[PDB]
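Chemist: In case you want the letters, here they are:
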Amino acid sequence: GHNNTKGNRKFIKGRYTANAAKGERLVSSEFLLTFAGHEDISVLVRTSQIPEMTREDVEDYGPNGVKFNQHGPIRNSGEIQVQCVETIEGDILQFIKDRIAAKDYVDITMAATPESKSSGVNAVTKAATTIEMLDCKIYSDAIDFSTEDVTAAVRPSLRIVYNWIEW
Amino acid sequence: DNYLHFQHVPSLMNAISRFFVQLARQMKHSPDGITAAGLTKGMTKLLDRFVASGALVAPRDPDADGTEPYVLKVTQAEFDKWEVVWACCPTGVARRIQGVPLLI
Amino acid sequence: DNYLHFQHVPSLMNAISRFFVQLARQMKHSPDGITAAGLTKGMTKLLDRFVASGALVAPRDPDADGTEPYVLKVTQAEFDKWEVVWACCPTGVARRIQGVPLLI
Amino acid sequence: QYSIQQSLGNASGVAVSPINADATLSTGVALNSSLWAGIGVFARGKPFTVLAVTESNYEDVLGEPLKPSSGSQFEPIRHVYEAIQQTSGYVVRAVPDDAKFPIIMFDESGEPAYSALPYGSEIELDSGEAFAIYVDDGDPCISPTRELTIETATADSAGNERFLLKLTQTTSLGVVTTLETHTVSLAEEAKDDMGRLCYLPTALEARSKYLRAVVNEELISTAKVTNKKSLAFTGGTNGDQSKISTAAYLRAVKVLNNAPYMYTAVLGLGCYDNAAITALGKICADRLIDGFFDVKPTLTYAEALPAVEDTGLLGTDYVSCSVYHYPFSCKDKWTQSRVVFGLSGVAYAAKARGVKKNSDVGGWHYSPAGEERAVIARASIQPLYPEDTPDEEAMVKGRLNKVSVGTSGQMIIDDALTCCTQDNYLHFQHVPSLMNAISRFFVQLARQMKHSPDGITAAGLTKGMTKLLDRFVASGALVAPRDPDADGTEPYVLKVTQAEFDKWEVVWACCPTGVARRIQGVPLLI
Amino acid sequence: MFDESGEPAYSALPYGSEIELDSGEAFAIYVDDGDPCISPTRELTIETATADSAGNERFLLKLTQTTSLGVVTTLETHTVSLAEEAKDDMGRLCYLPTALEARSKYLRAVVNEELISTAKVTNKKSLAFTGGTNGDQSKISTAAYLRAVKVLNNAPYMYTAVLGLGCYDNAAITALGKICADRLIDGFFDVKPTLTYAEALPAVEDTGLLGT
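Residue numbers (UniProt numbering), protein chains in the order written: chain A, 2 to 168; chain B, 425 to 528; chain C, 425 to 528; chain D, 3 to 528; chain E, 107 to 318.
Chain A on its own, in the form it takes in the complex:
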């Protein structure tokens, strides 16, 4: 039917070895948040993010219809969505109440801690996969309670706005 068909499994083996040459793929379940002086909450985090890391773009239409996009100033501030689990002693509620009561800025460190790169009972982090945010503000959201949800646990949603990204 098709006269162009030809098999070549040496090429496929080459692609397989080239792909496998690099080490591993980071599973999305391996990370850690520090929250500066409140290090007891690091266990309860369940979702995190990496900041946008973009720039503004400037558009200029040249002679005729020629258009060029150019780099702009760095984007500093943004938002990050974080979800936490809630205990029967109100750790997250007390944390949010304390944050609202006194205007504070908290530094947050985001890092990846794979099982392969660890010594003893302590995780070890790498400079390449570590990012930092400074002067952050922690805000809460509406928390849903309902019956007939016997199989679910309450999970507050937190909204964090950073003001500088450093590495």
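Any given hint might turn out to be false.
To be verified - With beta-carbon atoms standing in for the labels, derived distance ranges:
hint	chain 1	residue 1	chain 2	residue 2	range
1	D	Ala-261	E	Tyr-212	34 to 42 angstroms
2	A	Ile-101	C	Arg-449	27 to 35 angstroms
3	A	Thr-18	D	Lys-497	18 to 26 angstroms
4	D	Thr-172	E	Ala-261	50 to 58 angstroms
5	D	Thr-172	E	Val-216	37 to 45 angstroms
6	A	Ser-29	D	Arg-198	42 to 50 angstroms
7	D	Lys-69	C	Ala-439	18 to 26 angstroms
8	D	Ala-261	B	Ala-488	21 to 29 angstroms
9	B	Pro-486	D	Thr-156	51 to 59 angstroms
In short, the hints are calculated from the structure, not lab data.
Every residue gets a Cβ at the ideal spot worked out from N, C-alpha and C, and that includes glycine.
Please build the complex by placing chains B, C, D and E on the supplied structure of chain A, with the hints as guidance.
Modeler: Just chains B, C, D and E, lined up with the frame of chain A:
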């Protein structure tokens, strides 16, 4: 000079000893009673909890000493004498700080 | 006959030293794993504020030293000891000015 | 606010030392990608033993850099500093014969007696003397004075007596600092507060890096120690280190040869002795390792070429050995004094930078020369012999590498040639490097292949070799032949041939990657 | 040239020659600016100072310039020592050759290693250089031009043009043309302006640049 004149160092060991006493009192009501195998599992659980709380930390020099915070070992001489020992590496405190200004 | 003639250079050094002493006194008597990061972050922020205020400038000898107005280093010495060292470059002052008239 | 102290004692407080008008702050980092080796002369260190130095230890281990005014004693530390900014390594120290270390002997009453002995000699205790304490570190106490203080302490729980031994350091000006403290007991069976032993030799061997002790077994029992003030070591000196005979250099080379640490480069750290250079080259060729060496920098362009032939490296035996010449002058980092030294540890830095590119097998095909990998970072460069021009073709025929100014403006190593006269594609640096890396990988594979139920077998070798060569092809070291009609498209050919039954042969051929060093442009006009 | 106890002596040497210190002399200081001191005179004054931390002796070296009418102007000051391991207040080294080579624009010094172990300096005022002369500059051999062209060829700097600057010497002109053809840059050369119209044409061929 035994690292004991610092307040917390005796406090950790006293708390662990009290927890061990409470565990051993309850274990005596078990059908077998006090047993060397039984005394290791509970101690491992409590020492792991104390490591989780942050009271025990890894040794400062990983080359000289192992990375584990605590070492629990059981030794037997003859059959009548048994021995259960655990060692711990307590957390340090920060009390003396020095700054050294310079000029370019 | 050093850079220590002028009243302002020791003033800058003593102001930075007093700020460091206050910062260290804030974070006293704390367990392990906390003091190093707090010390280095606070000290970097303070020296950045002094750089912004105009007190520190780039060094006058770029061959011997880089372009950085300040450097920092924090280490832990013993069970209950810390050591922090820093260097910085002061700002000059205009004292003596000379003029020379000429005739066409 | 309140009072501020200058130095810390035992109380809880924050202290600020007085402002220092002159000092330098340095920050380091550790990495172990590739391990180097070499030989040099330094201030202090245990002689004729392998020492492991990192970026944060090369000042404590080794010593303060020697002043250039002394002459010819400062190059090795500069080479070590230049090379160590990439990765750590190993160093063996060579010392002249007229070198001694101090030692203090103690009488039964407790009075001290000072003396000194050569490094080779072993201490013998005279009758009437109980114990002696000496300095294990090869550090003469000439400029920094070291004092010993003895005072009594509380007796042991069992009743044994013990005393405090403290070490102090005093500079020439008079500033006194504290180095070490110990609680040691003369009794054989004594225990510390923390439970450790306090026998003087055992305690000093265990938890001290400066001092050791030797005791007389017969008379140790009836010995008494009384409180003594500071006692200074005397008689410890280093001979003229600018005159080192070839025997010491050869001994250091032999010490390097018998080391199991499995380093991946050998460097000549300012060693301008021909016999030592040939021995280092023999070590380099023995272990299937690269090697970088230096000719004397003060030599002119005309005299440099015979100097390469003076060393025995020019031949077919020592492949993958490079010789560099650098007659320029620069300001020294520690003291701005316009010193001159060669290029050893700068080339190795370029090789390490190239190796760091690939993480699977290393990527040894990158040549050390180049504008991006090889850059000389020195303060101000001034030629020693201006208005002079080298003969580049003679240098190429002589297997001598050249330096040039880069596009950015800094000096650049512009060529990379090995000491191989034959035209075998082997004078290019990376070609021997690829095959040496493959050979080392094969050796490690074959060592693990045995200890298996069947041991070494022809079928087993082919599979591992195919995996290894596929990985090397993936890293980009091996490329397809240039002419597809004459030669097959495969980059490597692995085959097993049979002759009789007891002869087996495993051979693999490879097509190495090319380098780009000669470019020509031809302008035309329409 | 000074000696032990600081007794100055005056001399002059040709530019090419190097300085040799006769026995019984400690050190010498000479002008490196290549400027004869004929019309504006230059003087040296020496003033002792306090010893440093290590106890090594130090002094001050001051340079001044005087015009014909008597106006005195200040040029430079330094803190100098005669010991190798001597350090300034700021932490720099005070050895005379190194200090003068590193932080000075006019003066350079040469030291005799035999006698500096026991040398002394006293307070002197207004020691003026003498003997510095510029020769007859209307008669310069072609060797000097060729040497300076060779110096220009190996200059580490980058330039995009070569100027004759009134040489009117055929060998120098053709050497400059070789430089232009080597670096691939432009060259602007000139012939003698006092020639007439008829004589100008052969001189161009005499320059040797005609061809391809």
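Chemist: Hint by hint, say whether it matches the structure.
Modeler: Hint-by-hint comparison with the structure:
1. D:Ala-261 <-> E:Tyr-212: 34 to 42 angstroms: violated, 56 angstroms
2. A:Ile-101 <-> C:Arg-449: 27 to 35 angstroms: Holds, at about 29 angstroms.
3. A:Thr-18 <-> D:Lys-497: 18 to 26 angstroms: holds, 21 angstroms
4. D:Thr-172 <-> E:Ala-261: 50 to 58 angstroms: For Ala-261 (chain E) against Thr-172 (chain D), whose Cβ atoms are near 53 angstroms apart, the range 50 to 58 angstroms holds.
5. D:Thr-172 <-> E:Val-216: 37 to 45 angstroms: Holds: the Cβ-Cβ distance is about 38 angstroms, inside 37 to 45 angstroms.
6. A:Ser-29 <-> D:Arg-198: 42 to 50 angstroms: holds, 49 angstroms
7. D:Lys-69 <-> C:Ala-439: 18 to 26 angstroms: For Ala-439 (chain C) against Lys-69 (chain D), whose Cβ atoms are near 37 angstroms apart, the range 18 to 26 angstroms is violated.
8. D:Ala-261 <-> B:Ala-488: 21 to 29 angstroms: The hinted range 21 to 29 angstroms holds for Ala-261 (chain D) and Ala-488 (chain B), with Cβ atoms some 23 angstroms apart.
9. B:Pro-486 <-> D:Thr-156: 51 to 59 angstroms: With Cβ atoms ~34 angstroms apart, the hint is violated.
Hints 1, 7 and 9 from the list above are not met by this structure, while the remaining hints are.
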